[PDB]
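Only one chain comes next, encoded as structure tokens, the form deposited in one PDB entry.
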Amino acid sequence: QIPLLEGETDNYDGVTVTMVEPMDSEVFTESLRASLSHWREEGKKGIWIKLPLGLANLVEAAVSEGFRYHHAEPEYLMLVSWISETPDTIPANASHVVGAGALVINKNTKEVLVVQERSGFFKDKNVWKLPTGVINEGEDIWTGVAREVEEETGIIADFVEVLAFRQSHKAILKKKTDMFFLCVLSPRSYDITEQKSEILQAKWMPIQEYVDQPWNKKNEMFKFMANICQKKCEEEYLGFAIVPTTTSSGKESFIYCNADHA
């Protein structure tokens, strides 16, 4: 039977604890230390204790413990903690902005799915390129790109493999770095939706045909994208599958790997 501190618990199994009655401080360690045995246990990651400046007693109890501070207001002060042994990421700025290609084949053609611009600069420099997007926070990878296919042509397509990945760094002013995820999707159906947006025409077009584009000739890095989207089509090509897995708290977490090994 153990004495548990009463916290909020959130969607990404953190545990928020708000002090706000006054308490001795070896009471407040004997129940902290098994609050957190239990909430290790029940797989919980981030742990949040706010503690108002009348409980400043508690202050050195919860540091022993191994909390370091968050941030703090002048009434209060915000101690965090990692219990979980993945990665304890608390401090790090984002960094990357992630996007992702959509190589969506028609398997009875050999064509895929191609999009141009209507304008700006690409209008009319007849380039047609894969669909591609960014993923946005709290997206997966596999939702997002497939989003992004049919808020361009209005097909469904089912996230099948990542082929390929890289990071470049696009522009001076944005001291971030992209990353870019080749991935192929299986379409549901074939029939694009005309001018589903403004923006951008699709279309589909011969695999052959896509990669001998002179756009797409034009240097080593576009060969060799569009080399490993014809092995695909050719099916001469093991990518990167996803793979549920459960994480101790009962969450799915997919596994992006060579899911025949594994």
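Throughout, rigid core stands for the largest set of C-alpha atoms superposing within 1.5 Å between the two forms. Residue numbers count along the first chain shown, from 1. First, how it differs from the form deposited in another entry.
Annotation: the position in 61, 211, 225, 233 displaced by at least 2 Å at CA between these two forms, with the core superposed, corresponds to 61. Superposed on the core, the two forms barely differ at residue 158: its CA moves less than 2 Å between these two forms. After superposition on the rigid core, the Cα of residue 191 moves by less than 2 Å between these two forms. After superposing the rigid core, the C-alpha of residue 134 moves by less than 2 Å between these two forms.
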Given for the second form:
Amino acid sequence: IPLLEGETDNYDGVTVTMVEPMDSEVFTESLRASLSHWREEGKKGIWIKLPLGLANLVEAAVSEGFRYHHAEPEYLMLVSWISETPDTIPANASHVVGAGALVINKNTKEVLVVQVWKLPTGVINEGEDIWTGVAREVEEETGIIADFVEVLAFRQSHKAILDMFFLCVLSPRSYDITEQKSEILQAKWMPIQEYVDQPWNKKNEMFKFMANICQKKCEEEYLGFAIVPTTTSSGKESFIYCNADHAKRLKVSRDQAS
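Output block for the form deposited in another entry, input the form deposited in one PDB entry:
Chain alone follows, minus partners and molecules.
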């Protein structure tokens, strides 16, 4: 009876990417055989990637002692330690990234707010850059276009019942908000002092600190992190967010001699 196709690594593990439908009775028996031939071989650490359409398989896997590792929509990652060596299966090291947009009209010291008023926030997609992501959210929410300047602050949060947050400052290229930009979304330009003094004022130390940081950048006294564009070991893009002045110094220093 046939084994499962497994792809190996130099951590002694194996990841089975389940791609085509299969009867559950067949899967458990084909898995039980595979578990036997993996304990004889390099034994420890087996991963089953189970896509949403193959949800008819998760019980079969779990019944065989697999547990959950992490999930995206359209795939579930399951894992098992099949060695008698101490279970050292690494926990998930992926995080959900969100971004907060501070869009400053530097001319009027005013900021773009949304539905009581808040900064436009969203999440950074898989494969998306923070600087790209934060701008898209502004455009999706208010219709206005704005370029990314700096990252003012970031934070983490949990107990997570339902994450990483980057506060970014954006520079607007347009000022007209469109009606109606989104369903149950509403927007206006607000003076910075009104935003800081808003009904939360002293609600908690965290919102108050983030607001004060927003204000210091509105007064042009806050040095955040700016981007230095670069490339990885492959041809692929990369961006270093570092001290704004050093970011300039590094970016400027890229020019041509006599």
